[PDB]
Every structure is written in C-alpha cells, then in structure tokens.
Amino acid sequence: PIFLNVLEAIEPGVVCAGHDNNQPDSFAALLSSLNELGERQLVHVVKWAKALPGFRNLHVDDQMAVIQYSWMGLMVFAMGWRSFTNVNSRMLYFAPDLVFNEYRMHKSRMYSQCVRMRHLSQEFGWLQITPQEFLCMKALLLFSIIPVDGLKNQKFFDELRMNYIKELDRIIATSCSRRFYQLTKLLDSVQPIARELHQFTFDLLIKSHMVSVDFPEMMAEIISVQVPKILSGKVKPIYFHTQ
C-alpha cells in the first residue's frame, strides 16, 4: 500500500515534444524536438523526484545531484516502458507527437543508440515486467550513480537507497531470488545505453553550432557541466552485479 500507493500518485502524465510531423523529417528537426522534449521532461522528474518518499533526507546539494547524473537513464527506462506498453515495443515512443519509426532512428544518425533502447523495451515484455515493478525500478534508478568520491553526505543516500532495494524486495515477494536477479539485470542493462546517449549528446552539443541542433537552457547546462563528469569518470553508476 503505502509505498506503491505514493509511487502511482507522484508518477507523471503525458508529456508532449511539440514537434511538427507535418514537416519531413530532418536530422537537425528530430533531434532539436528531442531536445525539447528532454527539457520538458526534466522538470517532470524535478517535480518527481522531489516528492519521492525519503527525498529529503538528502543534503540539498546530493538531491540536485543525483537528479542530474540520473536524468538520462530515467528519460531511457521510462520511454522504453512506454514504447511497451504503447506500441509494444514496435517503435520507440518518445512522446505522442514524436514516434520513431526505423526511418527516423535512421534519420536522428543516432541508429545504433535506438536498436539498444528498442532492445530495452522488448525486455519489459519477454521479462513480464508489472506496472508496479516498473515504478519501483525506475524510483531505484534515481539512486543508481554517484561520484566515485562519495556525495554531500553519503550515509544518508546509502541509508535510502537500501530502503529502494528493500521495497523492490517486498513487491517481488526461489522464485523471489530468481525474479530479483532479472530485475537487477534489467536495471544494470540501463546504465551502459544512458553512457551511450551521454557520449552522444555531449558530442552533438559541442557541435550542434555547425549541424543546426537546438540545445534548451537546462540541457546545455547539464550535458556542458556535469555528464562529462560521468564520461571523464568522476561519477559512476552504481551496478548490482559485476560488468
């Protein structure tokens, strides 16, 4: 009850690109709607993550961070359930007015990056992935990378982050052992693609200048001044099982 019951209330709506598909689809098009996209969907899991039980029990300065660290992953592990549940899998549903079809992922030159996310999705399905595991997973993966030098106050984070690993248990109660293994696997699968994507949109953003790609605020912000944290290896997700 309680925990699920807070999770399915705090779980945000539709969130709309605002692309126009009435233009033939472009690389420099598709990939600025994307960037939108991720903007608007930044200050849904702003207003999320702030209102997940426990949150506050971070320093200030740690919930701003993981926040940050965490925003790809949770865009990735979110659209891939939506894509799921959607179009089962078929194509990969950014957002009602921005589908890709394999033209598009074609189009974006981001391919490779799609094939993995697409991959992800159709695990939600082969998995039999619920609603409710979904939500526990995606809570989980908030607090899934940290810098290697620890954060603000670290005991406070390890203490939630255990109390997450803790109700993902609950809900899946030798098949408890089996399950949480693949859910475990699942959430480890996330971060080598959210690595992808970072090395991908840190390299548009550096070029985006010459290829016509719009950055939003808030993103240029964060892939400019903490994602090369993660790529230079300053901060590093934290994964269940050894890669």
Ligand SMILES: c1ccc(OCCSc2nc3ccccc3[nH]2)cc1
The other form holds:
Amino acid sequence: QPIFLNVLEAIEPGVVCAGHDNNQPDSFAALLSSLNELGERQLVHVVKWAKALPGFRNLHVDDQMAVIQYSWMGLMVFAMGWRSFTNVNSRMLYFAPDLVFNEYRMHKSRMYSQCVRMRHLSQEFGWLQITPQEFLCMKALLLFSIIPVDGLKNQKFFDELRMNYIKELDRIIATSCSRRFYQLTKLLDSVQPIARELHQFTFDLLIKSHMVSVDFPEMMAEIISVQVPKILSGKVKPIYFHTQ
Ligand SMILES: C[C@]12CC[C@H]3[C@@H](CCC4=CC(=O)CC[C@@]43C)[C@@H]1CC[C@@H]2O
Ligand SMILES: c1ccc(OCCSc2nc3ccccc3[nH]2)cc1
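The form solved in complex with this ligand is what I need now, so please give it after the form solved without this ligand.
Next comes the full complex, and the chain you just saw is listed first.
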C-alpha cells in the first residue's frame, strides 16, 4: 500500500541554490542570469529524480529525454510554488534560499505578470489545503503531462505509465473524493498556461540575450532553442484533463 509513496518521498530532491550574489544590487541582467543558472542546476536534479521514478526506465530511452525536455518548466514551477507556499506563505517567490523574489525583484526581472500568476499558483496550495503526498503525486504526473502531437516512439508505454500515475493520485485522495479529484485535476491543468507564458518569455529572452547582458548556460541554451520552439510552434502540446 505505501510502497509508491515511499519512493516518491525518498527520491524528492533537496535544496538547490541559485548561486546568486544578493550583495550585488538587483538588476534585470543579474536576476535573470541567476534564474538561468538555477534552471541549469535544478535540471540535473530533475533528470536523476525522473529516472528514479517507478516505471520511468521502461519508457523508450529517447522518450525519456524528450519528456524531461518538454516538461521541466512546469515541474520546476509547480515545485517552486510549493517551496513558496511552505517557506514564505506564498507571499514571495522562493526560487531558492539565495534567490527570493520580493515585490521589487518581480518588477526588476521584467517578469511581473508571470510572477503574479506563479504567486497565484502558490496560493492555491493553501486554498486547496494540498497534502505533501498529494503534491508529490501531482508533481510526478506533471512529467507525463506534455507530448508531441505526433506521438513518442513508444506511445503505448507512455499511456500505460501515465494511467498508472493518475490512478496513484486517485488512491492518494481516497462526493468528497469526487470533488477533490476534480480540484487537483483543474489545479494541474492551470500549470500549463503558466508554463507556456514562461516558455514564451524565456525564448524571447534567449533571442535578445547578447543584447541585454543575460547569460544562458549550455543546457538551457540548447533546450530553449531546440525543444521549447516545438512547444511554441505547436508541435508539442500539453495534455489537459479538462477541456479549456
Ligand atoms: C527560464 C528562466 C530561467 C529558469 C527559471 C525560469 C522561471 C521559472 C523557474 C523556476 C525555478 O525554480 C527554476 C528556474 C526556472 C525554471 C526562468 C524564467 C526566465 C528564465 O530564462
Ligand atoms: C511498466 C510500466 C509501468 C510500471 O509501473 C508504473 C508505476 S505505478 C505503481 N504504483 C504502485 C503501487 C503499489 C505497487 C506497485 C505499483 N506500481 C512498471 C512497468
């Protein structure tokens, strides 16, 4: 019975620091390069985490890289909102212990409205009173929530895995159980429009980066110019539970 949860809680990654120098005055270039660095850092964890998920290693290996590459934004954002919820009560954006966005940093990052949506996301955990177990299952399901419209190499395996994760979440929930399931499914869905705003933003930023003194690490640069445009151009689409 508690085997699946045991794994989720066991493999949950720990604190990742951004490397940000809070002594330097908040500037758009500084704030954004630190996010990029954080992103690159958190990426390593996401890989090791994902490969340690129950059933994940039996996806086709190409599909293993692909789904990680399409879903990191949504994963990292959903986690951050959780950190923000548990650490600063959704009042600020707790990207890392060494990189917390107050109101001022939200403005300086030129990402204000996105940050507002992300804060809203964070406030939801409070609103819905999400248990940590619910959070871990939802976060794992997020990794199977976005795919090419033309299918993966072994779609069959993907579909079975995804179904198992959905039934895992149901179990963790269980009128009361019906309403509840609807809520987390709508909450999970709400992650995708936010991920997309961030995909749009980071892509525009990459294009004009040499122009605005904002550095991108190798893996971020690679992914944002090869994988993210597939999402933007509509070759990769998220899987929503409810019709938008
Ligand atoms: C993509 C990004 C750098 C990586 C950030 C991302 C915002 C969302 C986010 C939350 C995290 O906790 C990890 C870093 C990431 C993934 C940043 C938005 C603009 C910047 O380029
Ligand atoms: C191929 C496809 C999926 C696979 O597992 C998906 C993990 S879901 C799951 N939840 C469980 C809960 C209890 C016991 C076993 C469980 N398996 C394994 C091989």
